[PDB]
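Undergrad: Residue-level listing of the chains:
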Amino acid sequence: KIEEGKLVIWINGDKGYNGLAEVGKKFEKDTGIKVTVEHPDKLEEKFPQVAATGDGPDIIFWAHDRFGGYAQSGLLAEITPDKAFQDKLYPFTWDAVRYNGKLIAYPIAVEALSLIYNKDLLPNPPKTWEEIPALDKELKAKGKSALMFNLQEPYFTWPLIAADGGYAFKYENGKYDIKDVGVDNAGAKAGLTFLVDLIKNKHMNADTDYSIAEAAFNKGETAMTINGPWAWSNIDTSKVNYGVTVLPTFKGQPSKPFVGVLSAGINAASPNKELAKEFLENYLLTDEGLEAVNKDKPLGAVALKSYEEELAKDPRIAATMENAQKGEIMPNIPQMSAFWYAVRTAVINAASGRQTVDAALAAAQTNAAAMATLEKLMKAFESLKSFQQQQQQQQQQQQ
Amino acid sequence: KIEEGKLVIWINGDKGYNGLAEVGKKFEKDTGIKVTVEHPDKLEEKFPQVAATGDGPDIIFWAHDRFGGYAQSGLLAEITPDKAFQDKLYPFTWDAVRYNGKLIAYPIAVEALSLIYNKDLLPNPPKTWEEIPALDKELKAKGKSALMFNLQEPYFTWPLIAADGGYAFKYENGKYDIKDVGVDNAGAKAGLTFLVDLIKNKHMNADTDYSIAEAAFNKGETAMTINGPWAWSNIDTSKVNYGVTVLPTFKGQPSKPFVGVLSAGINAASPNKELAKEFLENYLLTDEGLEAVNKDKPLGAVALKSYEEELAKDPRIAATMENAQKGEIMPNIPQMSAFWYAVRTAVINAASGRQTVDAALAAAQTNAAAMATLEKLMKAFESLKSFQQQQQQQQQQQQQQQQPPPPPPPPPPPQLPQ
Amino acid sequence: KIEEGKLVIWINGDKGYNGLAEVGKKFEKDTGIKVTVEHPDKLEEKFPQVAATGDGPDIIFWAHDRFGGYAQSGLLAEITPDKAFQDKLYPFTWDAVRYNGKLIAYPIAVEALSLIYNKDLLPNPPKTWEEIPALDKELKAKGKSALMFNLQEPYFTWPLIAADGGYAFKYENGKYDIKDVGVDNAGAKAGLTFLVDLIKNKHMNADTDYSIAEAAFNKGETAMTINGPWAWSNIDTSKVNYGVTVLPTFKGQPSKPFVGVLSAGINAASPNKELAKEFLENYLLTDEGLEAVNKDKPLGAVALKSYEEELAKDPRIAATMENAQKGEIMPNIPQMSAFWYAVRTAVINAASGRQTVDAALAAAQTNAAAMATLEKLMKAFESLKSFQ
Ligand SMILES: [Ca+2]
Ligand SMILES: [Ca+2]
Ligand SMILES: [Ca+2]
Ligand SMILES: [Ca+2]
Ligand SMILES: [Ca+2]
Ligand SMILES: [Ca+2]
Ligand SMILES: [Ca+2]
Ligand SMILES: [Ca+2]
Ligand SMILES: [Ca+2]
Ligand SMILES: [Zn+2]
Ligand SMILES: [Zn+2]
Ligand SMILES: [Zn+2]
Ligand SMILES: [Zn+2]
Ligand SMILES: [Zn+2]
Ligand SMILES: [Zn+2]
Ligand SMILES: [Zn+2]
Ligand SMILES: [Zn+2]
Ligand SMILES: [Zn+2]
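Residue numbers (our numbering), protein chains in the order written: chain A, 22 to 420; chain B, 931 to 1348; chain C, 5 to 392.
Looking at chain A on its own, in the form it has when it is part of the complex:
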């Protein structure tokens, strides 16, 4: 079930799949090629199944981080956009769609955390983390908090940790150094120290999660929160005058949040590789192409410099892009699973007073390596099953 003489596209239901098939019907009208967009349940899990048997869609739209596993399984074809078309998108977006120095997907939309604040309580958002403590008691006098965001998630607290020098793995020359962790450098240390300090001073709770944080802002109890474009819909409903802006700066350095980029990948088994490249290069990745998908459903910031500038008219979108530019592309490697979990524990321990800043991060940097075990002994499952899946000759002869 490849396709052959047609195109089949998989994207997530929560996206502008309607907006896409419009560019499908716009393509179909020019080439005579039937484009079918479809959105199956947990496709990001179906794809490793079906593509492994040569079946599945011709292209797949998903976050760039998941493609790492696909590319390593050889499930994605290597794209060949000329230099001219490369200059049409933001250079940083191309670093998000590259596995082993080989380009393996077209960047679509950019997603990053930003600083959301209530314009009523706060006419001017602080440009620095260091003025939050001073700001908090100014607000606490009126029975309001300065800032509240999710602390149970590293994804949310990483921007501050990594603001001074912290980094997952090292990106140098289109390659991630799995042996060059940076959750233990002086940068991370100071980052987390500041965050712990706020909790020790009573400027923040140690048990602030997502729901608590969101609710606090939406009721107008807090002055600021940190969240992405997905939380915008909820605030509009709260009817609370809010603006999204660039994140504050720590020790004069800007915050470095993670960057989730939607990408279009081409099946390595798809016989219509030329057509996919046709569809995506000249039909979708154009002003009207993105416009159309965007109309059914907003995509936040986009990779395409031309259409981005038009969307930038929205202060919120412009801030998401600016935050992403200064941020860090989320590594698509498998060792990333490890990092997440190691850092998660490190922050929670440092928050609860179960460990100290210096100490909990130094346990994490070691703990990350300790998840080399994951790979080894998860392969111990896939290997022992296969040695015994090839000894199926016990059931071949009985039938």
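Just so you know, these hints were derived from the structure itself, not from any lab. Every clue listed holds true.
Estimated spans, in silico, between C-beta atoms of each pair:
#1 C:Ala-190 <-> A:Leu-395: 38 to 46 Å
#2 A:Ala-207 <-> C:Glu-379: 23 to 31 Å
#3 A:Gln-274 <-> C:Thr-370: 40 to 48 Å
#4 C:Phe-89 <-> B:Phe-1317: 42 to 50 Å
#5 A:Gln-274 <-> C:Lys-38: 38 to 46 Å
#6 B:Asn-948 <-> A:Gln-409: 40 to 48 Å
#7 C:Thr-132 <-> B:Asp-1107: 43 to 51 Å
#8 C:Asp-59 <-> B:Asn-1030: 45 to 53 Å
#9 B:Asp-1107 <-> C:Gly-224: 54 to 62 Å
#10 C:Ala-190 <-> A:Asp-218: 52 to 60 Å
Here chain A is said to cover these stretches of chain C; the calculated rule only asks that three of the stretch's residues, wherever they fall, bring their Cβ under 8 Å from a Cβ of chain A:
#11 54 to 64
#12 72 to 86
#13 384 to 392
For each residue, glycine too, the CB sits at the ideal point set by N, CA and C.
For chain A, the structure is supplied; the task is to place chains B and C with the ligands on it using the hints.
TA: Then chains B and C with the ligands, alone, in the frame of chain A:
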């Protein structure tokens, strides 16, 4: 019992040991040294145990791949042949007897897969893989197949995969790079793709094993087969006019099959190191030395350029050598166990449609590292084996955490002649 | 209970804590900071618990090898002694208090195995291992052995193995190369070969442990033994005229024993970092500071060149230092656990003739690599239990 004033030699039962005894008799008459040659059953298993206790033979003749484990266990003495004697053998053979850039055995005989074809059906064997498809339907018109060989074994299908750039591990400056696998490069990809294509087109069965392939050729149903010098005896009995030649070429590159080289190693515990070096350097590794072993039992191609040229008179032997020269020396490292098994699965999966070439190969690559870690599991078991051996042979809180239960590593078959 | 404006010190109950307290009293008098010295049970285990929670002492005195784990856990603050003060101590001691090229403790006292011999039986100790065999039968004629020391421990047999080129891991640039083991080089090979030969010739038992060796010397049955400064007290009681001297030499190279160095580390959580650095730099690490600790309890050889020269008056101490200088600082890395155990087995197997020198030494190097990551994974599995 090491020896001391004598030379005890071990060699496999199927080899020319009686021919060796002659070279042991001609050595005895010229120095006065009694030379015993014995062929113990499963000696590749006996040697690990006895040489570890300082006992066993002074020298051992076995395939070069097995010596890797021996050398790493410090079981083999480092040889010192001068540059003059080195030039007497083929330079490529010396790369087969080297562990950690130290020479640890003398090369004897070379073994490699070749292209066997029936001269009756096929007067001229194809010089290229790309003409096999065209050839097959030319033969299928007469109710005959063009080619049939073992597909269940990577050993047999590797020559085509590695023909374009595929390689196990990287050999650069007398060192194998365990972190430089090449079963995933563009070379391998195309190699396997072509092989899969033949099976998808109906030019080959997905379940062709060794017995099926051999039988098909020996009955004269197939035009060609790929096999080594060990299968020659069987074809002579079939009485079917056959010639062995260089393997075909893929994308203009020649096939790169594995090369099994018989070698003479010297026990690190043998006090008669000087005598062994004497025996092998000036007595065995000579025209008349090899001749003698060869007479009791053919050794195929030999390392010695002088005697090789005389044996080359046989078209079959000359082809084995030529195939070996263009081939790849089989790495004697432990990570090789892993490779084999990873590639075996990859080919079989690609052969059925259960995975694609791109998919199965990139899989097997990840899986190769996956084993060079359960290699630890063995020492981890042998860490606890000797720990509980000595802690028997005499006369709370976070303790629960400990969980060293899984897993098991199930062994393989032997394989598999006659 | 961090502290703040006070100084709490931890040191081993067996060491001269009272001497340290004197130094505390002197600090208090000259500043206004009360210094408390306490020696709790199994403190080197307590510390990892309490320091992980930000609690515990401001400084900790323990062997330098244990600090490796502490430093890696980020439990120790990085010290900043100027170059002037660095020149006051022996340069080799500074290589013992360094984790990842960052200095993390002040060296205090140096400990190393030496050659102890009975002056009555042996007026002059042999300067070379190669003359031991000849010496042994000279002594066996009078019903006495030439040498007896612990063979069950690599710690004791390593000086001879490593004397020709053997080495745990490679120290180059202030960094340990975990991939550059040296228990398999020609140096180690010959080392162990000689040791095995002595046992095969009947110059030594394969089952000589610590107790047996010590007793043999103390009764005056053996002419020589190899042991550290901790065994001195026992010999004095034996009342047997003994002298401690530099270890013999193998193939012209000197023996390379391990060097255990007592160090003062500062808690990374201590708010009185400045005061600790004050206490240790200008109060304890001085002639009168060490003197005082030394009086309650001897510390053997000291890092401080000035006070060392004054203690050198004791032939025994001078020999410990000289043995340490030619020896090998014991690596404080985690892969060290592996080495120990790998070598232990290697020696014992080579002792029994269960393996050859070549074979057993090859096994242990490949063994050290196996149990080294699997002590890293036996913790990875272990932590997933504690975190679910
Ligand atoms: Ca173009
Ligand atoms: Ca950057
Ligand atoms: Ca010569
Ligand atoms: Ca080659
Ligand atoms: Ca003062
Ligand atoms: Ca100074
Ligand atoms: Ca004085
Ligand atoms: Ca000196
Ligand atoms: Ca030295
Ligand atoms: Zn859906
Ligand atoms: Zn404050
Ligand atoms: Zn428009
Ligand atoms: Zn036999
Ligand atoms: Zn065809
Ligand atoms: Zn002849
Ligand atoms: Zn006590
Ligand atoms: Zn004398
Ligand atoms: Zn003797």
